[PDB]
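Turn these sequences into a full structure, and let the hints steer you where they fit.
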Amino acid sequence: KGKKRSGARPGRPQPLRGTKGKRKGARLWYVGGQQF
Amino acid sequence: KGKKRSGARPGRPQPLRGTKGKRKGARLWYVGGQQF
Amino acid sequence: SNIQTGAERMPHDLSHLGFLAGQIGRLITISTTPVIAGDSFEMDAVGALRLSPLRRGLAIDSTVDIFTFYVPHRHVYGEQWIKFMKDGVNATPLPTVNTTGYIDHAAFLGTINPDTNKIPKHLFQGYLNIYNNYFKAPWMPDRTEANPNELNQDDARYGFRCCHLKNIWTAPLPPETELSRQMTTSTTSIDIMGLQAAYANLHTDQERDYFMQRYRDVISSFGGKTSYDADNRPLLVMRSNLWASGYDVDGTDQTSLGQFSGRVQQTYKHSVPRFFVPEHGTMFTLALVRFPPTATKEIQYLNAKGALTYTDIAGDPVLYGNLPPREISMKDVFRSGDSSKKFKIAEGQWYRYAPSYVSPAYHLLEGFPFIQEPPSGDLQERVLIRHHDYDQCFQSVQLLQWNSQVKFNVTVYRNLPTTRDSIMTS
Amino acid sequence: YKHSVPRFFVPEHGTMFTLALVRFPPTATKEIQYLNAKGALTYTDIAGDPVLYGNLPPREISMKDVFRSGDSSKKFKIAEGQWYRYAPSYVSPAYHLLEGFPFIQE
Amino acid sequence: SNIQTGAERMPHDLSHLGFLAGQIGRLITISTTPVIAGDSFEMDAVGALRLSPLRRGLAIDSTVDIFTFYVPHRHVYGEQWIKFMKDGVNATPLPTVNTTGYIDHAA
Amino acid sequence: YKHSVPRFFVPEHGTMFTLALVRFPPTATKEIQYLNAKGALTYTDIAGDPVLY
Amino acid sequence: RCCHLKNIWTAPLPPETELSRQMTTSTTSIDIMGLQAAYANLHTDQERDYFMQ
Amino acid sequence: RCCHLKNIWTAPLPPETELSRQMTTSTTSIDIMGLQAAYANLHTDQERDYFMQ
DNA sequence: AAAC
DNA sequence: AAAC
DNA sequence: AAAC
DNA sequence: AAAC
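Chains as they are written, first to last, in the authors' numbering: chain A, 2 to 37; chain Z, 2 to 37; chain H, 1 to 426; chain Y, 268 to 373; chain G, 1 to 107; chain S, 268 to 320; chain U, 161 to 213; chain V, 161 to 213.
Rather than coming from a laboratory, the hints here were simulated on the basis of the structure. The C-beta atom is built at its ideal place from N, Cα and C for all residues, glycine as well. Keep in mind that a hint or two might mislead.
Said to hold, decoys possible - Computed from the model, here is a short list of chain A residues facing chain H with C-beta under 10 angstroms:
hint, residue
1, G3
2, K4
3, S7
4, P16
5, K21
6, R24
7, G26
8, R28
9, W30
10, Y31
11, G34
Here it is in structure tokens:
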């Protein structure tokens, strides 16, 4: 259960850079080979 | 949650001696005074 | 054939971007992740909170609350879910609630409305449970709609209205608080012993009224505890609170030199520590943006209710410590207060609270998030925030009153086979 | 930016081509979560049962199971359980035709 | 009047004797103690187990299982119980199941 | 015998039930060993072949 | 009445345990991939029968 | 034109991925050994489809 | 191609 | 629910 | 009479 | 439920 709040992240906003988590794992896409 | 069983109380049975717990507390009966 | 009977738990990256927008006092879903029994969930939401451009420079920070709740499906489908799990593979598929035909009519659940117009009932019901257990005033009736299509376009698109931050007027005692209590006495005697008893019963009443309207509270009162399963309540996993701010933009042309526009950019971070999911459910994350309830016309109770009696002015502790709740009207604390709108206050409350002062020069001045006229309506309409009370505060934009761009870093330690275990027959 | 190619021995006559590609993550303004957009949920879709996912054929889905104006006639084969291995980005409907965001509108 | 609004938690001795009898594979209740929210419960059952006299000498020991379970009332009255607690003093009294007219029919 | 229930915190109002069950191992006077009572013995019944079982 | 202590006769597999499982096949082909799947479903059945009722 | 960054919709399995595979069986028997083989061949297919084109 |  |  |  |  919930508690301390913290959006008080002192900083100027940064443009969203990348929708891929923090820790990844196994492979997810199979397309027949490499695709850039 | 339940567990180890123990009626294995090695001993010859003893006649029940007294229906009053182990640890008592405050007074329960009020009859007007002392009564033996 | 032999099949791939197991799986080994490994980290699953369910991270995603969030492009959000809402109104001021409405609770809106900003992210949802369906969880499986036995997985471990963790999230790091980091983004920026922006308000629509305001008409003049910054004057007051708004406060932001971000919440993450867990709602087990059992909680939503009850018996039906239990049976589904037991039935297994041939279980009858789960019920789906109905939405109104519009793209934003399921937006309160942080989702685009499918063309078919239906969504999983757990998504809609979980929201109601969250609202009814932590956001409505304890004394208002639960929200009991069967399908999202029963909602107005503002509830459906922007989320349900939340209450204002507590005030003398915003947080009055519950509506039915009794101001007196009769003991039916006989004609020329009273039973000294019954009277005593009379007091014991009222006590018990009084407590349920003021602090225990909810079953879970009545038990804590006994010094016991109740699981979230005991009363079916969504479990609050994490909550972050913050004040959003920014800076003013100085105009510099011939006509707007001396003029400013407040720019609220607020970097925030919502972190949910690892959480073990005991049974299949959804993890709901919601946002609520609010301003302190500053009205441009609230008066100090002693300054607006006539002639002052000894009871009102002296601060006599024996009086305040011993008389019934005082019933007051919206007119005792507001310049255009409806004398017909009453509320019960604690005696001496006026000495425990101080309203903010807004000089009359600010009354209809656009660009300040102040409430311009005193809320008119029943107790419930006055405590529930009305987003239009803030319309004259901002520049008119397509992204409502606040917008956020977040990166939901979410890791789930789940146990399902690999995407290829999955696409390989052997 | 800085693009550095360490020394390279050219074994036979040829061209050295240097190309650029600029892209945005594929954020659509109308993608829905598979479980939220394909009807009634069966045990196979909602339970996360590893024996099921680890053993049945690829699932054929339509553009309509994941998009608000998806063409039901446009199909695609997905791995069973893919919906539990992936999460789409969410764009509130207030942004749908708002110019200035590099989102895919339809 | 001012009333006795509190109480301070103290040990309550709810000890009692038990004179029991049963059949061989049947589960029988030998003791029950009603508990209030927030109390702490502990018990030490100590007695003797006897079989009816047997027709010849001992040949095989029987096995004995003693169990203590907790059953919350909510579990039994559901919604009705929840409402009772909330309603408080004027709650409608709780339902009572029916037995057969005999002294041992609730044994 | 002695039945001891360590301290227990009661979270909500309820009953504490204590029950007894007395039983004997199920010794029948006429049980036979499966292999001794089901006719002729096949390879599957007598060999203990792990791949079969 | 309680159950006896476990035996071969006292603790048999649950009454409805299936002794076979059909996969409706076509007349002159079987789907190698459906078969696989067939096995995944029975598994799930089997577990609920034996350990998870 | 280049492809989008991988998605569920942007990176589906290759178009011709088979969702089933028939083994032509006889009318009232299947060859336990051919079946085995059937699986070995699909494997080889499956890999070329998904990772080795 | 998170592979006996 | 700043609680005998 | 587990008592201001 | 002596479990990939």
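Earlier hints that do not hold, by number: Hint 11 is the one this structure does not satisfy, whereas the remaining hints hold.
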